[PDB]
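Undergrad: Given next are the chains, with one letter for each unit.
2 protein chains.
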Amino acid sequence: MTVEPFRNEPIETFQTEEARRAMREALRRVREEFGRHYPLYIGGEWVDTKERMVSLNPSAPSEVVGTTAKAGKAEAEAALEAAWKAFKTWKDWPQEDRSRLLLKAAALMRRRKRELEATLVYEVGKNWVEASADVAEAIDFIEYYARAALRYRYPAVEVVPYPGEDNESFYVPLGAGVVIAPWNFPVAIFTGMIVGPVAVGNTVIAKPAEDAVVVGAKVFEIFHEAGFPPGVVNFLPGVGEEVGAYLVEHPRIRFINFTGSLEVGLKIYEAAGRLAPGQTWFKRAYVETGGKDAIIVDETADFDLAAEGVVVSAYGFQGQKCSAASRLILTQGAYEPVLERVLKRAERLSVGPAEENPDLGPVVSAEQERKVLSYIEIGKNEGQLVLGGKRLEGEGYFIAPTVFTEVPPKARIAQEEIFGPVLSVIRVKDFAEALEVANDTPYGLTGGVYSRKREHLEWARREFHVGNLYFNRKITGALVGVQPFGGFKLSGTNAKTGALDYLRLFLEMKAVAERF
Amino acid sequence: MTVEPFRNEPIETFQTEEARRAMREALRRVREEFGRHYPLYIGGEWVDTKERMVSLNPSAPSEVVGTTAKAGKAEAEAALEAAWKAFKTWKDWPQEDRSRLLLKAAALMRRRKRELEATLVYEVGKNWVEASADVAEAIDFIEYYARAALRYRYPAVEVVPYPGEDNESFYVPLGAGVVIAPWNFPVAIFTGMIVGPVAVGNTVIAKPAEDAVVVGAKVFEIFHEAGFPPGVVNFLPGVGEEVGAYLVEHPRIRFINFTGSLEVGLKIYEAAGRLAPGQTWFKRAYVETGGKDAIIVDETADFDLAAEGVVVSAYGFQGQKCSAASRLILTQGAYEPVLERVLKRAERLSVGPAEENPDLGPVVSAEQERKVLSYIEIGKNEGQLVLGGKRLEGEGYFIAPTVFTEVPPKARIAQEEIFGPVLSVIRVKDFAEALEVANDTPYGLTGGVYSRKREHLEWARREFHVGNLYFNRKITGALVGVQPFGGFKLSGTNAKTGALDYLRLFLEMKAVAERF
Ligand SMILES: NC(=O)c1ccc[n+]([C@@H]2O[C@H](COP(=O)([O-])OP(=O)(O)OC[C@H]3O[C@@H](n4cnc5c(N)ncnc54)[C@H](O)[C@@H]3O)[C@@H](O)[C@H]2O)c1
Ligand SMILES: NC(=O)c1ccc[n+]([C@@H]2O[C@H](COP(=O)([O-])OP(=O)(O)OC[C@H]3O[C@@H](n4cnc5c(N)ncnc54)[C@H](O)[C@@H]3O)[C@@H](O)[C@H]2O)c1
Ligand code: NA
Ligand code: NA
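Keeping their order, the protein sequence lines are chains A and B.
Under the entry's author numbering, think of the first position of the first sequence as 1, with each following residue one higher.
Under the entry's author numbering, think of the first position of the second sequence as 1, with each following residue one higher.
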């Protein structure tokens with residue numbers, strides 16, 4: 001099969017009248033559809049349940065965006081049976097055929113992009129450009145993995161010949177697995193974690209995050225329209241520690257693909273290490289588990305450029321990114337000029353209902369609001385509050401952009417992932433100390449350096465121990481294909497999404513010799 | 001760096017007078033050195049302990065073949081410190097430099113091949129050709145991984161470019177890990193498991209199997225002479241449940257490379273899944289465990305060819321191979337002709353002291369003898385004993401080639417890894433049933449089919465679910481480079497040794513972007 005070389009889906013900025021008109025219409029239609037109910041999707045059909053899940057609008061939580069069915073153990077069993085039955089034949093599809101199926105799904109998603117963006121705006125409180133980036137990344141995962149999968153096609157392995165024999169090594173998919181996805185990129189990461197394994201012949205049971213079940217269902221509408229065979233992809237909205245734990249622990253689950261909190265990731269990795277009664281394989285678990293990401297700025301930097309990138313990195317999607325700048329490490333000569341600029345920019349940020357396209361919408365839920373506000377209280381006793389540190393007025397979960405300064409490197413707010421609009425500023429002597437402080441956390445996901453000094457940049461390239469490092473630009477928004485995404489240390493297992501290597505994780509190799 | 005294309009080291013057949021003379025010379029030198037004591041090797045020096053380990057001749061177990069030091073927790077800690085200290089600089093060596101170091105080690109090993117083979121003969125009871133194949137494979141691992149490592153050199157990752165930026169993705173080693181090695185290939189697998197991770201910048205603490213501590217020490221003499229920097233490779237002979245468990249569970253062990261029994265592999269994988277107090281990463285564990293490997297023969301086969309391959313596969317190195325044919329699955333039409341030929345060939349096999357190059361030497365230890373004889377007792381209740389099934393005269397652990405017939409596919413002797421010269425013969429209706437029986441074990445390592453029917457061969461290529469499948473030849477003796485080695489299901493994690501993919505297991509990826 002021959003398609004155009006991969007390119008990233010452009011991210012809409014809504015600067016033209018045409019784009020604004022399309023987005024206003026999409027928002028209007030999604031809003032007019034509030035209260036819709038979406039069933040489970042199991043074995044190629046929509047399947048309803050007695051119990052349900054409620055999805056609220058975080059900008060106005062009296063408003064129900066939608067409801068879904070609720071999967072328990074019985075539905076999980078049913079999905080597992082469907083997924084294994086499907087695997088038996090799906091694994092035998094030529095790669096070209098599976099890859100074409102992905103490309104169709106990508107085309108369908110692209111045609112529904114404004115609707116999906118609008119759904120993100122209402123369901124998880126993304127502003128317009130954050131929503132567009134999320135949908136664009138989902139499209140990119142499908143386009144990229146469709147093409148990448150062909151690189152593994154029968155028989156792909158380079159082996160050494162032997163006289164009188166054919167030696168043929170090739171990849172095969174693992175089986176049926178479970179995908180457990182986050183609420184913060186519930187189109188992008190949900191899609192990528194599903195279609196990667198599926199592209200190369202696995203089948204998947206997908207468990208969306210509770211806060212993002214409606215948009216998960218719309219992604220499944222796309223899969224269904226694309227025509228994935230029954231059982232190949234299954235949609236099980238439900239409670240993570242219930243249906244999710246049930247599948248993670250199940251002897252017949254082959255692999256687990258997880259993105260979410262470290263707390264949950266640790267439990268999943270531990271459980272995957274155990275042989276459940278009757279289990280006949282060593283489970284694979286891929287866990288991508290957050291960060292405590294720093295931007296370092298030294299006295300050689302463009303301080304205006306640095307301040308802009310820090311503000312985008314810290315406050316984009318309300319800081320609710322595993323990649324968000326939650327630490328700003330300033331050398332002595334950079335401290336005052338950069339902090340002054342960051343404060344000036346940050347105090348001008350707008351906060352309000354996501355539909356209005358503010359700089360920041362609300363945080364995702366009452367529980368998230370509570371956690372973030374709790375960390376702010378902790379912070380008040382660890383560092384100096386210099387901006388924000390309050391919830392704003394309104395029913396929506398609005399939190400002001402917050403900055404603590406003179407934060408000790410070992411402070412809780414300098415070590416633990418807050419996952420909200422809270423930046424901790426740490427003052428250090430020089431670039432060497434900046435690197436020491438940057439590395440001294442349990443995490444290793446993203447990092448940045450603003451500096452004009454070549455030797456500082458190249459030093460950071462070798463020694464700033466994070467999986468995704470950026471110089472003189474924001475540290476969020478890793479592009480599929482361009483920046484393989486994934487971290488070190490307790491940021492997870494280094495499963496690099498949007499990279500050729502990702503698909504290898506969902507394959508095993510067979511070696512077959514015939515002596516003639 | 002440019003070297004000759006990889007070729008496998010030729011396995012000596014000892015068909016010439018010079019080869020036999022050279023072997024006799026090496027056997028003499030080795031036995032003259034039976035009194036030797038070999039310390040631990042930690043941080044570039046030989047370090048002795050108060051306690052010791054004794055290595056016996058399994059062909060004459062009242063004869064000591066050497067002693068070694070015995071590592072406990074203190075020595076494990078010392079080695080870990082040395083390994084991390086070394087990692088800090090070893091990781092920074094250019095790949096070409098690390099690869100040249102391996103190539104030197106291979107040249108040194110090649111020049112000592114007869115001595116190593118003779119040590120295998122006396123320490124683990126390999127006959128001459130088994131010993132030569134083992135050392136040759138060790139050389140192959142070093143030559144292969146030296147070359148394969150260059151394929152990962154900075155910056156190896158194919159990424160999509162982005163305007164106004166350099167995007168550079170590259171591999172880095174993980175750190176210090178532990179290698180836990182088996183006694184059955186204590187030069188080949190011991191060497192491969194160490195030099196693969198080391199080639200790409202990791203450092204290693206190696207724990208040889210108790211039964212093969214002397215030959216492991218001789219491999220370290222080679223590493224020492226080659227000039228690995230202090231702390232890069234460390235040698236800790238000691239007890240598996242003691243020093244091995246201690247390292248597996250340690251918060252500062254980065255990865256575990258294990259080859260051995262399923263029982264131990266299960267414990268290791270479970271332990272690797274846990275976050276030890278103060279641990280700051282998700283441990284990687286590669287576990288390659290046993291097999292219950294079958295050869296299927298159908299009525300279209302060359303029955304004489306089949307019988308020869310079955311006898312080689314079942315009884316080479318006394319069946320003490322994870323790849324050994326322990327099941328013979330015969331269709332109705334093949335049963336009588338193949339079984340008669342197998343019995344006629346097997347009844348002619350010599351058993352005796354390994355140095356005399358018998359068809360079979362002894363099993364490796366009193367414990368192995370005890371295990372195999374116990375399974376023989378179990379077998380007498382499950383199937384029909386038709387050949388062997390007895391200990392043979394002498395202090396050496398000689399067990400007769402043994403064949404059970406009319407074995408039910410679910411019998412313990414048809415399911416459990418005996419790891420001795422014991423073949424279970426299973427009668428099936430047709431090829432379809434033969435595949436069902438072949439697949440119905442917890443394991444998935446090696447398998448074979450003898451058949452001239454193309455449709456049967458190609459069906460097995462697709463559906464005989466083992467990592468290493470061979471048609472019309474023996475199922476043992478996977479060659480580095482030619483046949484990527486590793487299994488499915490409870491045969492382990494499918495870490496394919498002697499393959500480009502192996503080295504990827506010991507690397508993580510960093511993505512670094514600079515916006516100009
Ligand atoms: N490293 C990355 O690629 C990356 C990307 C996005 C988000 N994240 C992380 O996500 C976290 C916030 O997202 P979140 O709140 O969705 O994370 P979370 O851990 O709370 O939930 C993630 C998913 O796991 C499920 N879950 C919860 N408990 C479970 C259990 N015990 N067993 C099985 N499944 C369970 C949830 O229902 C949800 O689907 C942050 O820590 C952030 O770092 C990481
Ligand atoms: N799958 C493969 O590639 C392959 C290759 C060779 C051998 N084997 C397997 O090896 C087994 C026989 O070898 P073995 O008797 O040396 O295996 P084993 O499990 O008894 O011992 C292997 C190694 O593990 C150590 N060990 C024992 N208990 C331990 C513990 N609890 N924690 C950490 N380490 C521990 C031993 O000291 C030894 O070094 C067979 O099952 C065979 O199939 C497999
Ligand atoms: Na919601
Ligand atoms: Na011995």
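Where hints are given, some of them may not hold.
Copies of the same chain look alike in the list, so a pair counts if it fits in one copy or across any two.
Straight-line alpha carbon distances no greater than 25 Å define the calculated SDA-like cross-link-like pairs of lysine to any residue that follow [stated by the list, open to error]: (1) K429 <-> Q95; (2) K371 <-> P61; (3) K85 <-> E45; (4) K344 <-> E436.
Source of the hints: derived by calculation from the structure; they are not laboratory data.
Undergrad: In ascending order, which of the hints set out earlier in this document are inconsistent with the structure?
TA: The structure conflicts with hints 1 and 4, although it agrees with all the remaining ones.
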